[PDB]
Amino acid sequence: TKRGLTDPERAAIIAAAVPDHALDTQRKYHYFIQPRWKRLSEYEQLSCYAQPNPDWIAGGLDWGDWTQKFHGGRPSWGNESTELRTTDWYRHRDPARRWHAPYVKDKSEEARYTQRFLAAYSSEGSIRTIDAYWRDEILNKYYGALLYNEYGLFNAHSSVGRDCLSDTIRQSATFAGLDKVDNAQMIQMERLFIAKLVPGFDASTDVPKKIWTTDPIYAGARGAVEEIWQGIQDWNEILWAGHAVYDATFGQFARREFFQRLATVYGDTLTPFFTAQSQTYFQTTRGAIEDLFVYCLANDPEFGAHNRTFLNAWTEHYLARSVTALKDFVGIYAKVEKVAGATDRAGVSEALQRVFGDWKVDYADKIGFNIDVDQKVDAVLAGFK
Amino acid sequence: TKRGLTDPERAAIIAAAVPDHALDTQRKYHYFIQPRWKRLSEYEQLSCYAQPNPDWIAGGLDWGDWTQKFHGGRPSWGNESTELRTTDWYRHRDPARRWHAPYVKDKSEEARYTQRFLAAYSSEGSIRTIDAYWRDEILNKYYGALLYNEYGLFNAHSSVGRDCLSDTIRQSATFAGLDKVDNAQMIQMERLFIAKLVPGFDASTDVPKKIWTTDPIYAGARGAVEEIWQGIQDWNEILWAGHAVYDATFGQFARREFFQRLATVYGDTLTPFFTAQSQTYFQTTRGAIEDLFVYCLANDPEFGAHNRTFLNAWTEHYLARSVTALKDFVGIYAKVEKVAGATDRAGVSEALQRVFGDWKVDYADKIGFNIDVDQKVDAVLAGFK
Amino acid sequence: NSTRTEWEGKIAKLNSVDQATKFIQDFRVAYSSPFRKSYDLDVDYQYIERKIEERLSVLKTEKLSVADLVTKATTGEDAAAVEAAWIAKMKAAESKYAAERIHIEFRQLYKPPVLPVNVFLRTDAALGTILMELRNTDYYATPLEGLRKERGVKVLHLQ
Amino acid sequence: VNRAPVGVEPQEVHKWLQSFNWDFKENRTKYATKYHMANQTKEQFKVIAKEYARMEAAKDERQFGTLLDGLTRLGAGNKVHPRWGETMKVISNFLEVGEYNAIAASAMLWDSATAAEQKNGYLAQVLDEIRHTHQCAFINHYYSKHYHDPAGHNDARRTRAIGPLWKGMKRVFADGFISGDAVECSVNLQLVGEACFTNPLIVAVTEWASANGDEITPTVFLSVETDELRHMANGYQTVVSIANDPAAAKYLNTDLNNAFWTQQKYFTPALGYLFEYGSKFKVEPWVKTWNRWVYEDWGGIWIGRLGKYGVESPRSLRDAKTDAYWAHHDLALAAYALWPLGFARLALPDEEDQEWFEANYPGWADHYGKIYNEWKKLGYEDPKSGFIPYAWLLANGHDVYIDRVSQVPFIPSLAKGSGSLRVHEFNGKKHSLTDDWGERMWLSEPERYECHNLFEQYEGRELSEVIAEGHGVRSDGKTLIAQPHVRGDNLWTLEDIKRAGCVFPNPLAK
Amino acid sequence: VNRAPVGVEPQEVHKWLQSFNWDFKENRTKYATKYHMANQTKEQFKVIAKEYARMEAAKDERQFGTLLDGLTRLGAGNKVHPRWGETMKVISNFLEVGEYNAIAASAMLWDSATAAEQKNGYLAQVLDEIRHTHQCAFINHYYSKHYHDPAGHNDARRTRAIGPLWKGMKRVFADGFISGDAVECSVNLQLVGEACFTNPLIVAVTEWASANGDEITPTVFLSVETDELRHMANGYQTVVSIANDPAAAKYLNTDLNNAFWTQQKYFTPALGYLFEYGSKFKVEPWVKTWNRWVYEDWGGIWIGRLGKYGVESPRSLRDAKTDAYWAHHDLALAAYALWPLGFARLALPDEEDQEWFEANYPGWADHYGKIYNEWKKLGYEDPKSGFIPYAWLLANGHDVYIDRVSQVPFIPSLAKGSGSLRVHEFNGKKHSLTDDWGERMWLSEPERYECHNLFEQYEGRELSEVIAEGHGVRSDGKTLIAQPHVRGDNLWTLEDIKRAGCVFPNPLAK
Ligand SMILES: [Fe+3]
Ligand SMILES: [Fe+3]
Ligand SMILES: [Fe+3]
Ligand SMILES: [Fe+3]
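Chains as they are written, first to last, in UniProt numbering: chain A, 10 to 394; chain B, 10 to 394; chain C, 10 to 168; chain D, 16 to 525; chain E, 16 to 525.
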């Protein structure tokens with residue numbers, strides 16, 4: 010029950026035993042790690058090389074085959090899980106230098122500020138000026154359907170976590186999955202708060218479940234999410250489809266355009282908070298994912314096009330899937346009552362053009378995918394009535 | 010250069026000198042402080058009784074006259090500064106138990122989340138869907154005028170800080186002043202960000218200064234703020250006028266109704282963040298101020314009505330001032346282009362009725378002020394064209 | 010390593026997709042499985058396997074189209090045909106030793122980039138489920154010496 | 016429309032903060048003043064509320080996490096010398112109210128500030144010193160929770176009024192900063208302390224606490240020094256602003272001398288006692304460090320930075336050092352005499368302490384060491400002895416008179432430092448003055464100082480009754496907050512004080 | 016419309032989380048499995064992402080603030096016994112990869128989880144173990160920055176592959192959790208460790224670090240234990256969920272025995288060496304604490320909580336304790352023999368250590384103490400001696416063979432514990448088996464284990480060349496990462512290893 014530092018004679022023995030001179034000149038932690046930026050970042054200092062990879066895995070410091078493989082001949086962490094190939098799997102570095110501590114800090118920030126502002130909004134009673142039709146129909150019915158889409162993407166990342174061939178990539182994927190699930194929690198909590206303020210509101214998830222399952226509006230989104238879950242085992246394919254193409258088309262259009270603009274122009278002020286939180290989470294995830302793909306795979310000095318050809322094929326297939334999902338989803342615009350600006354066809358086409366143009370300039374130009382926004386937006390808008 | 014704890018013989022001497030048994034049974038810090046809640050709160054444990062008050066100050070533990078008064082006969086911290094009288098000045102406790110550490114934590118939260126979300130919004134480029142007229146005229150010209158009102162309230166609290174007869178009251182007043190000034194900083198920073206995104210926007214404060222000084226719209230608000238600065242020395246009067254009546258009428262109506270609802274229904278999404286931050290800050294300040302007045306002064310067992318009669322007179326005068334300010338301000342509604350719902354007269358009257366009803370049920374019923382909202386809202390609306 | 014250098018060097022001559030497929034196939038059969046033809050190239054066989062993986066991938070997508078890339082094996086067999094054939098073979102494999110033999114040789118024959126990744130992982134999952142229900146059973150009951158004789162292993166020193 | 020990720024910086028916000036102000040006639044400083052600083056005034060630190068909050072919150076959590084994990088895991092709260100425990104008790108008790116009146120005076124400054132940038136700097140000062148108050152209170156809280164002598168920290172605020180040194184600390188920090196005129200308050204509340212006293216005081220407290228073996232204080236005090244650097248910068252900027260004023264050249268030097276003398280007259284003996292006589296392990300004699308910090312690294316730099324603007328160094332320093340050479344020992348004798356009034360427990364210097372004092376202070380033995388020796392041999396520690404040092408002083412003809420201006424205990428016969436007793440009669444009330452500057456200050460401004468000497472406060476009041484009615488009893492109800500011995504055995508009881516029967520005789524009334 | 020301040024709680028969000036799922040046919044577990052847990056499964060902890068983030072962030076800052084202020088102010092990084100410095104070096108290096116493969120295996124669990132509530136619990140597990148990885152890496156970082164022997168921590172990941180114990184730690188935590196089937200992985204990755212190993216391991220590390228005098232580790236390890244309690248609760252809940260399955264009663268006990276034996280076979284000797292032989296100040300013999308933690312407070316409670324569901328205790332514990340009574344000493348001899356391969360610096364037990372071992376372990380002297388004595392007298396520490404313990408072992412006829420299944424170094428002639436050498440021939444390759452359970456496991460599943468023994472990895476390779484090509488040299492380029500002596504004088508050089516000329520002979524090839 011005595012501490013070594015506090016005890017007198019124990020501390021004297023320790024001080025007698027400790028050498029007077031430092032044995033190694035350099036105190037730098039993992040100096041051999043190549044830093045992407047000018048100086049070795051602390052995030053790089055910890056997270057990088059945390060994965061023990063044998064030499065037969067790209068950029069593997071360790072040697073020898075896996076000491077215990079899966080049952081059968083398949084290795085535990087072999088490169089057969091992925092279809093893309095890179096010179097080294099440790100080249101990826103998150104642009105935000107976001108390891109566990111800053112991420113959890115920022116997430117506790119979101120929790121604390123959301124709770125405070127939510128209590129303040131409840132005290133002010135600003136909900137009563139919201140449009141009755143908007144909060145009564147649109148949010149309760151369909152805003153709970155996007156809950157299921159976010160949850161579907163979240164549970165989708167279950168495999169990448171296990172089948173990740175690197176460590177920073179695994180951390181980024183886990184953080185993105187946490188962003189998806191807590192966006193879902195934000196949607197559910199907003200519905201609960203709205204139920205708390207105004208009596209008679211339906212906080213149950215049965216209506217969102219019916220909208221997500223039996224309603225044709227979200228049929229394309231449901232099909233895309235279900236195909237994302239178990240359709241493809243490849244973790245690189247899962248990351249690409251569920252983060253760049255399908256996400257930044259369908260979920261980005263939905264959250265940024267409809268559930269934000271139509272919320273604003275309908276007198277809603279509670280929803281923009283949650284939409285902004287989801288938008289920030291998506292911005293961080295998109296930055297990490299685009300850094301991954303463009304820096305490592307899309308511009309690999311050796312694998313080069315091989316990795317790209319594959320990204321082109323995946324982008325084509327999942328872009329078709331997301332276009333079908335958007336075309337099936339756009340019917341909510343006819344569902345909601347007509348308003349000048351956003352609701353009418355010209356505004357919808359302009360919003361689609363903006364979304365597809367930013368997506369193109371963000372991903373397709375770097376990858377090499379050739380897309381013309383006109384036919385895409387026309388195909389999506391063909392389902393609008 | 011040797012520490013007492015680490016050094017062996019020094020630690021041995023310390024351990025020999027320290028007595029074996031604790032001298033006092035109770036470890037509680039300031040047990041004699043009467044706790045408002047069931048248990049002595051940690052905020053109460055630190056902040057309370059930090060002010061040395063002689064016995065001739067209500068609830069004063071110390072004895073003897075001030076060891077060094079102002080030049081002349083006026084004491085440094087005499088009770089002549091305030092016009093209201095209470096049995097004890099230490100009875101006030103903030104409802105949030107908000108001492109310096111949680112307050113600064115939450116304020117750093119606001120800073121960090123605002124910066125992150127602001128960068129994400131800049132990346133998404135959602136500003137381009139905003140109404141051109143709205144962000145071009147209303148925000149740039151008049152939203153910078155509310156900047157000066159917030160700054161005026163902030164510098165107004167300069168006296169209460171020095172002339173406060175208690176410690177928790179001083180902490181609450183300082184926190185409220187910090188909320189006012191950083192709301193002003195939020196307005197200025199939002200203007201700067203809008204200038205950063207869209208070229209050609211005017212980030213200079215010259216136009217807001219002209220609007221605040223030479224424009225008849227904000228003449229009433231400017232007069233009220235200027236009368237608040239040096240019109241009244243009494244710190245209780247400053248707190249009441251600048252927090253309950255004038256604030257929760259004029260600034261509350263402005264921020265909650267106009268610059269929030271009209272922002273939403275005009276396609277704006279950046280402004281609701283700052284309006285929500287200001288609303289939360291005002292909610293905390295209002296809770297603290299109403300707890301102060303109602304619990305200590307409005308329901309003092311001894312001074313009783315004396316303290317109230319004074320609150321009634323101050324409420325009448327500053328309510329007339331705030332009604333005049335609102336009547337002069339409402340012309341911005343005719344300035345902005347017509348929209349159904351908020352802009353038309355019926356919606357404006359309903360908003361005024363809501364504001365005055367909540368203000369009445371929050372303050373006047375407890376204080377005893379008799380107000381009928383109909384004549385008030387009619388007088389304010391008479392200036393609307 | 011000299012051996013690794015030589016092997017990488019002889020990989021450079023692989024300019025034909027079918028020839029590269031045959032080379033990776035027989036190299037896997039020779040040097041990859043626990044059932045092996047010769048252990049002389051042990052230790053260093055994993056690196057050469059990765060290099061030939063990369064080179065075959067490079068030869069892939071050079072002429073191969075997207076449809077074959079997504080649903081056709083390199084050898085020319087349909088993914089669903091591979092599915093059905095191997096599941097049917099596993100269903101008829103009553104012996105655990107036969108089951109492990111056929112699972113390992115299937116992994117030798119059709120694993121990426123010979124087979125598309127997704128279908129390959131689905132086959133692996135189904136085969137692993139079958140082999141777990143078929144082999145994990147009664148592990149404790151059979152005598153150690155029973156395992157020693159059934160495996161065919163010959164013991165040299167025991168004490 | 017650009018879409019690159021753009022993050023705004025506080026620099027632009029601070030730049031527009033200067034233009035935030037708008038000008039009109041009726042705006043004026045609410046408090047009386049003879050100086051008006053320049054309407055425009057730049058600040059060294061580009062600080063906004065958000066950046067300030069982030070900077071303060073990072074270090075605040077850091078230090079709270081350190082104190083709440085490492086200190087309690089090592090059990091360092093109990094592993095402190097009890098003498099230093101009492102010393103840190105009184106230090107925290109006095110500095111908390113010092114920083115509270117600091118926020119009050121800085122609020123006065125911000126009220127009397129025309130420049131918006133200067134107003135923001137003053138607001139940052141206010142919040143920083145509020146943090147300082149709460150950190151001092153938290154140090155007291157942790158000492159009460161973990162240290163083995165909780166009583167002094169438990170009733171720190173309630174029993175503070177009984178002590179005689181409390182009036183002096185009130186005069187130097189509590190009423191020393193808010194009572195003056197707004198500019199003058201600034202230098203006393205800020206420059207006089209930040210430069211001549213607070214800057215050094217901290218480093219000395221950290222070093223001495225490290226020597227004695229308490230790691231609770233250093234962290235908090237270093238965190239305070241972090242903000243104190245910004246306080247220095249703000250002081251320098253506000254003195255730059257107050258320059259170029261025609262009235263400044265007429266009164267600034269006089270105000271500087273006033274503030275410096277008023278702060279030093281009690282500051283020097285107080286620390287001297289709390290450091291030399293309050294610790295077992297001493298790193299360096301207090302006279303040398305006091306001289307160094309107050310003069311060598313304060314006067315040179317500050318006169319270099321201010322004399323360009325027309326600032327004259329106070330000439331009271333030549334008398335200040337002569338006073339300081341024995342003022343701490345004089346206050347030591349006074350405090351050892353008036354121990355029952357104070358809350359902190361005290362221990363008389365030991366033989367090693369006596370030889371240390373004699374080696375570092377020539378002539379300390381023949382003046383103070385015997386006095387302590389006959390105090391010890393007359394049952395100082397023993398409760399059964401029933402001996403009161405004040406009674407012995409009265410019997411020996413050495414009677415203590417506190418100053419009217421500074422309210423410092425002062426023995427005329429037993430002091431080797433400069434300064435003399437002066438007794439004055441004014442409208443039927445006698446007044447005690449101990450210094451020529453204090454006498455002048457009281458003479459010019461009789462209405463300034465009306466502090467009631469504790470002697471007439473307790474006239475006709477038995478000492479034990481005063482202690483009992485002042486909540487000076489322990490929690491058990493039978494023993495006193497303070498003790499003649501640092502040891503935890505034979506604690507004095509109020510019945511022993513009753514047996515002693517000390518009665519306040521009004522020494523000034525004579 | 017109500018306007019009272021209403022704050023939402025995570026309870027409702029967690030309640031709706033169960034209904035978040037929607038049901039359809041094609042949804043299935045991606046990985047191979049024979050068990051399917053109940054679609055509905057309650058969790059002990061009502062945890063959302065936001066509440067989890069707040070709970071983790073509070074303690075995370077707390078501990079970072081503590082380590083960044085108090086530890087560096089006290090200078091406790093340098094005030095540690097170098098033996099314990101190397102021991103914590105290897106502990107952190109091994110636990111970081113253990114927790115990394117823990118997040119991998121928990122991700123597998125979450126992939127193979129049907130219940131949404133169970134999925135959220137698994138996600139919380141994943142994030143918590145990510146935190147654990149980063150905390151271990153941060154401990155290594157701080158040791159590199161402050162402790163006087165940075166080399167072992169600087170190249171911790173790069174030089175880890177050279178050591179022989181690294182393969183065993185890989186088999187127990189790295190490949191022990193991800194290679195199995197999803198349910199089995201859960202118990203090995205979670206129940207087998209959390210209950211029999213991780214729960215106790217921590218408290219022991221804190222206690223022993225407190226004894227030796229390093230305060231850096233305890234705080235982090237206690238913070239880890241905080242989450243480990245939630246890990247226990249999640250384990251218990253997921254085992255409850257996996258119950259009531261017809262296949263569970265057929266394979267769960269077998270999987271439990273497999274996981275327990277595979278974890279203990281290397282876990283016991285590893286800690287035993289790292290505690291008894293890695294510290295100067297020992298609190299309590301390792302055999303007693305190992306027995307207590309693994310059996311008395313694990314088997315009773317867990318069989319009480321699981322046998323109601325049809326779980327049988329493994330019977331390997333009767334052999335496990337007999338092994339454990341000398342397995343740590345056997346691995347001690349192996350590690351002292353193979354010190355040049357490892358990165359950590361080691362010190363041979365001293366006379367006080369020898370008598371402590373003999374008093375606590377009867378018969379330790381006549382078996383190991385002399386062996387260490389003739390090692391010492393043959394120039395073990397001296398670089399000029401050019402003595403290699405492996406060369407002496409080869410000359411003395413005692414030759415070490417590592418297991419094929421567990422990859423633990425094993426000496427047959429010099430081991431007093433149970434277990435025997437077994438050599439097997441299969442398709443032209445010889446295999447070394449050290450235990451009957453391991454032999455059975457290898458026999459049934461030859462394709463399971465293909466780990467390459469380091470002996471054939473380094474066959475034909477000089478030891479100094481292996482060290483140089485493995486980055487086992489120091490930063491200067493002339494000395495080795497590991498040293499035969501804990502002292503900081505006469506560090507061995509690679510030229511001394513070249514003079515020794517040790518060549519790996521393929522002991523299994525015989
Ligand atoms: Fe301060
Ligand atoms: Fe200061
Ligand atoms: Fe863990
Ligand atoms: Fe765990």
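Misleading hints may appear alongside valid ones.
[What the hints assert, rightly or not] Simulated DEER-style distance windows between Cβ atoms: (1) A:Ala349 to B:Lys344: 20 to 26 Å; (2) C:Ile96 to A:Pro225: 56 to 62 Å; (3) E:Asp365 to B:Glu51: 49 to 55 Å; (4) A:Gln35 to E:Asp38: 42 to 48 Å; (5) D:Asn268 to A:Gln35: 20 to 26 Å; (6) B:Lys394 to A:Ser213: 44 to 50 Å; (7) D:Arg330 to A:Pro44: 56 to 62 Å; (8) E:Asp38 to A:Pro225: 16 to 22 Å; (9) B:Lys344 to A:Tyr142: 24 to 30 Å; (10) E:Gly90 to A:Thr34: 48 to 54 Å.
[As the list claims (entries may be wrong)] Heads up, simulated DSSO-like pairs for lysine-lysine below, C-alpha to C-alpha not over 30 Å straight-line: (11) E:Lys445 to C:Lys163; (12) B:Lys219 to B:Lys37; (13) B:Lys219 to A:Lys114; (14) E:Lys61 to A:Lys114.
[Claimed, not checked] Computed list of chain B residues with no C-beta within reach of chain E, every gap over 10 Å: (15) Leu14; (16) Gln124; (17) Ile226; (18) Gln261.
Since the hints were made in silico from the structure, they are not lab data.
Where a beta carbon is used, it is the ideal one built from N, C-alpha and C, also for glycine.
Right, here's what the structure says about each hint:
no.: 1; hint: A:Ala349 to B:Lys344: 20 to 26 Å; result: holds, 21 Å
no.: 2; hint: C:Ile96 to A:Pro225: 56 to 62 Å; result: violated, 35 Å
no.: 3; hint: E:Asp365 to B:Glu51: 49 to 55 Å; result: holds, 50 Å
no.: 4; hint: A:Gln35 to E:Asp38: 42 to 48 Å; result: violated, 58 Å
no.: 5; hint: D:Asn268 to A:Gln35: 20 to 26 Å; result: violated, 56 Å
no.: 6; hint: B:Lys394 to A:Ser213: 44 to 50 Å; result: holds, 48 Å
no.: 7; hint: D:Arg330 to A:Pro44: 56 to 62 Å; result: holds, 60 Å
no.: 8; hint: E:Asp38 to A:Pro225: 16 to 22 Å; result: holds, 19 Å
no.: 9; hint: B:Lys344 to A:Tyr142: 24 to 30 Å; result: holds, 29 Å
no.: 10; hint: E:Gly90 to A:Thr34: 48 to 54 Å; result: violated, 20 Å
no.: 11; hint: E:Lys445 to C:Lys163; result: holds, 10 Å
no.: 12; hint: B:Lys219 to B:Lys37; result: violated, 57 Å
no.: 13; hint: B:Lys219 to A:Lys114; result: violated, 43 Å
no.: 14; hint: E:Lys61 to A:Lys114; result: holds, 20 Å
no.: 15; hint: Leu14; result: violated, 7 Å
no.: 16; hint: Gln124; result: holds, 18 Å
no.: 17; hint: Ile226; result: holds, 30 Å
no.: 18; hint: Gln261; result: holds, 13 Å
The structure does not agree with the numbered hints 2, 4, 5, 10, 12, 13, 15 stated previously, though it agrees with the rest.
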